[PDB]
Amino acid sequence: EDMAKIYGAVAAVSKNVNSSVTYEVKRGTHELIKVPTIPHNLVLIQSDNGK
Amino acid sequence: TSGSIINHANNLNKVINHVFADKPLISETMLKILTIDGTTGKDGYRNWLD
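As they're listed, the protein sequences go chains B and A.
The entry's author numbering numbers the first residue of the first sequence as 152 and each following residue consecutively.
The entry's author numbering numbers the first residue of the second sequence as 705 and each following residue consecutively.
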């Protein structure tokens with residue numbers, strides 16, 4: 152019985168080993184919007200007689 | 705090294721928790737000796753193992 156306790160404690164220590172890490176790489180990334188129209192900013196000014 | 709100290713501390717706590725779980729591995733006679741100063745049974749056994 153006391154041997155099972157000693158053997159169990161050793162197995163607990165051996166099981167404390169770490170395997171790996173996992174993380175997401177998202178820094179520096181931004182979403183993109185879509186502009187549907189082109190701004191021209193033009194107006195045609197014409198006289199009444201058209202000259 | 706800080707890594708060795710952290711590894712020793714964590715492993716030692718795991719052993720103490722497992723040893724004192726369910727039926728303790730250590731009889732009550734040794735606990736009386738290690739708790740004469742005033743420290744608890746878990747703490748007294750922990751320093752002796754170190």
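The set of hints was computed from the structure by calculation and includes no laboratory data.
Incorrect hints may have been included.
One side only, chain A facing chain B, incomplete, derived with CB under 10 Å [unchecked claim]:
hint, residue
1, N714
2, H722
3, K727
4, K736
5, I737
6, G745
7, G748
Even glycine gets a Cβ: it sits at the ideal position worked out from N, Cα and C.
Going through the hints against the structure:
1. Satisfaction of the interface hint for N714(A) is found here, the shortest Cβ-Cβ separation to chain B being roughly 7 Å, below the 10 Å cut-off.
2. Using the Cβ-Cβ criterion of 10 Å, the hint placing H722(A) at the interface with chain B is satisfied: the shortest such distance is roughly 5 Å.
3. A distance limit of 10 Å between C-beta atoms decides the matter here; for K727(A) the minimum to chain B is near 8 Å, and the interface restraint holds.
4. Restraint check, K736(A) versus chain B: the minimum CB separation of about 19 Å is more than 10 Å; hint violated.
5. Nearest Cβ of chain B to the Cβ of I737(A): about 18 Å, over the 10 Å cut. The hint is violated.
6. About 16 Å separates the beta-carbon of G745(A) from the nearest beta-carbon of chain B, more than 10 Å, and the hint is not met.
7. Hint status for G748(A) relative to chain B: violated, with the closest Cβ pair at about 17 Å, above 10 Å.
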